[PDB]
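J.: So the chains spell out like this:
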Amino acid sequence: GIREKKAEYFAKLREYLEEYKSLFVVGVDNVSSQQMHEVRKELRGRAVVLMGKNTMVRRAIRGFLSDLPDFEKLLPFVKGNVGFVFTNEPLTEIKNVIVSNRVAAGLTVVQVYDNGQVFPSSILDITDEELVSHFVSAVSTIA
Amino acid sequence: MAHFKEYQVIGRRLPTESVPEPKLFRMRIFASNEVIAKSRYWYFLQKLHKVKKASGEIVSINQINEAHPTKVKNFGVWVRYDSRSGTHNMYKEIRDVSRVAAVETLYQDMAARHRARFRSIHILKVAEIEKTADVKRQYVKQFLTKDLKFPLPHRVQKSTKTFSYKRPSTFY
Amino acid sequence: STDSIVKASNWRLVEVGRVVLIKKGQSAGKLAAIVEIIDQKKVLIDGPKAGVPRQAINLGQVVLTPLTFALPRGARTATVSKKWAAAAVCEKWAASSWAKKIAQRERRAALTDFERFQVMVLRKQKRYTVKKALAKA
Amino acid sequence: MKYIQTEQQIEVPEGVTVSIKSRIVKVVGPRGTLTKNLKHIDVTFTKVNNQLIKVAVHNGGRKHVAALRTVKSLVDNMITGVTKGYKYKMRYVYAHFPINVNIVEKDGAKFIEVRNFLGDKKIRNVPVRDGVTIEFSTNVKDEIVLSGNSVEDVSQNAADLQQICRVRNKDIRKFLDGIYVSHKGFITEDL
Amino acid sequence: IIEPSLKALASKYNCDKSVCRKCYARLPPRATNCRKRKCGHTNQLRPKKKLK
RNA sequence: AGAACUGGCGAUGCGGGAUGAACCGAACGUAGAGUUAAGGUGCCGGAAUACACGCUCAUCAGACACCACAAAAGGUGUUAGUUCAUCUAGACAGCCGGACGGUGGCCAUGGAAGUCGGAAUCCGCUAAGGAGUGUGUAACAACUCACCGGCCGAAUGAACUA
RNA sequence: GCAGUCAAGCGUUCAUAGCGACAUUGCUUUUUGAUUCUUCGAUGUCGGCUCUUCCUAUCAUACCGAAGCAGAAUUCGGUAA
Ligand SMILES: [Zn+2]
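Chains as they are written, first to last, in the entry's author numbering: chain q, 3 to 107, 184 to 221; chain S, 1 to 172; chain M, 2 to 138; chain H, 1 to 191; chain m, 77 to 128.
In short, the hints are calculated from the structure, not lab data. Hints may be right or wrong, so weigh each one.
Said to hold, decoys possible - Computed from the model, here is a short list of chain S residues facing chain H with C-beta under 8 Å:
(1) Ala112
(2) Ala127
(3) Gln138
(4) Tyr139
(5) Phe150
(6) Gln157
Ideal placement from N, C-alpha and C gives every residue a C-beta, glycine not left out.
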């Protein structure tokens, strides 16, 4: 029962780990039972959010290092109050769904995982101008 | 029952034309001399096989010396014993340098705490405990912590003479 | 005053590397090192240099000294020697009053009757020059 | 089983200085200074910094170890008493004869004096302990308030005042008259 | 007479107690054992009885 | 009070059991030297205030066969042990976060919205959150707890034995 | 003769305020028996009077804890001879 219910968790954790390609680790310090409910709705389109006990998660992920191994780099960010938000929709939109909406006095992004990688979500939030000015200043470096 | 040595005792039933070459049985016995050890061998064998020493013989008796008589080990000790009102199994742990050293404190401890004299105890198993923290018992775990140190407060020196011309101190 | 003052008893600790002076037995007189703690009453010691045999000993037949040197716990006799030497333990001991008084007391005890006589005569000489001093300032 | 070491911790707050020598503890803060003899317990103190002092028992059995926390506490309440201070409040409770309570003195002494208890012609006196100071609330009927640096002395002086009104030969569930401790806390830091 | 809250106050002292059944000690109301050595620290306790 | 076998006392001192017919040791010419028995070795008193591991604190401790009595039954005193269960998939404790939507759920009534009370006890979203453990309001608010989490890191709960 | 343990029952309700069956562990030596060790070439019976001392299983008196203690009166219990 108690062994059962834990095992159940690992099950659904694994399932999103295979199904969705990208991953949001969200900090939820404070944050109401109500707030979360409304990020569910706000993302009922694509994203699924999945919360759990850290020691459950570290353990479960580690046992998944045989198949699906880059999740070994997820580990250094499951600490404090955290949860996952899996998605196949793209990047920023979803992040902005998370960060922005149902903020009050919110919940935060702490690191992102996509295709065996590790942003900070500072990266993603990029001005298209550092991308602009680094193909510019180097066509100027060629000129 | 004293300063203990540990012996291999190996014995067997006497040969019959019907069964020459009867099976050999060994016990490890803790005792102080070999007369006790063979006694002890028979006491146990009689409780485990039909044999009295009148139908058997002791084939070999050999002292088993501790292999690493200065490595400190933590031993698991298993014991069966009689109380004034029944009989009990009991697991204890002992930290020491040799089985023979451990067993002797087992006997003092059974005497101190449970008032069990030697006739009343059987040693069931004695075993070095391989991995620290398979150690189960607080009063031995305490010693296993890293960079363990302690003082010995309040030192009393024994005096050689009856009078002393200074008031002593306990300072260590 | 205005700092919190707390004088704390500075006990010699039973610890790996603590050096002890053996009170009793055949190794009576010699230094050995605690290698591993056995319990509140017993320890493994080892005095390769003084030639005291690595053995489990009861703390009551030993006396803790203030000296201690770096020694990994469990260290076998060979590496106890290397370390004891590296540390210059005998050097430190010899320099102590404690070791000096033992030596003094040892030397007195070996004095011949003739020697006892000379110490008398010399003492009487020193005395003399002392009493005239202790009389001038 | 004998615990090879076992220790507790004493936070020293800003502004206070605790100094201990052969178990005689002197604690000094903004409110004043208290001392206490701890010689009757073998414990050893150790100052880590001026914020923090430790107390250990070495190689001690149960009952010894029980002494450890209690030393910590006593020393804690010395520190609290000399920073926040102690305040115990009491209430007179009487069904009929109002309990009439004043301060009186003899040889510059100071007593809490209690009159008319259950209609008694006798007068009750309780010496006011040194260090403890008595007030009477302005806006709670029948209140009485003892305060000072020493919980020990405040609390005992309150106990003395209530024990002196016990009611003898009457069912004490029906006859509930008395002076009872009604609140206890700090001088400084709200109420 | 006597406000409800002071009757309550008085009762923490006078009546919210338990009683040793061997030796009669007035004991703390949530106690498990008698504090007294004469009754063997018995754990045979009962509540002090409430008025009418 | 009365039988069985043996050994004793009686008929027998001696050494020990303080004392003592019968127990323990040992049986007896006059003595010297040595060694022991049973029993002892803080002091009375000849002989270690010897060595070693524990256990015990008694406002009625305890202290040696025969022997100079103590039981049922109890103890959250302290010791060591047993069994069952919880816990590295993170328990227990401590501090700290969350404790939500249908929804003021139907009765009933001056008003009763989780908390006078009758009868029910469902769902959603959950990592979790009772149609509600209490505090509180006139009734809502506010607080609280059950429940889930953060941190910490190896123990925890119960019943028993002697 | 005196005191416990268990707790079915009594006690409007409620085992244990006060009690307490069936059973069961004890204590005492002012009951009475059982025994026949001492004394039958002697140890002067019963009761009272007088007088001293001791025990405590406490009737009164001191201070307490319980209650089916409102008050008064009682009853249970402690330290107490
Ligand atoms: Zn009691």
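J.: Each of the hints needs a verdict: does it hold here or not?
T.: Consistency of the hints with the structure:
At its closest, the beta carbon of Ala112 (chain S) sits 13 Å from a beta carbon of chain H; the interface hint therefore is violated under the 8 Å criterion. Annotation: interface hint on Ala127 (chain S) violated; nearest CB of chain H at approximately 22 Å, more than 8 Å. Here the hint on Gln138 (chain S) is kept, as its CB sits about 7 Å from the closest CB of chain H, short of 8 Å. About 4 Å separates the beta-carbon of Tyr139 (chain S) from the nearest beta-carbon of chain H, less than 8 Å, and the hint is met.
Because the smallest distance between the Cβ of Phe150 (chain S) and any Cβ of chain H comes to about 5 Å, under 8 Å, the interface hint for this residue holds. About 19 Å separates the beta-carbon of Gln157 (chain S) from the nearest beta-carbon of chain H, more than 8 Å, and the hint is not met.
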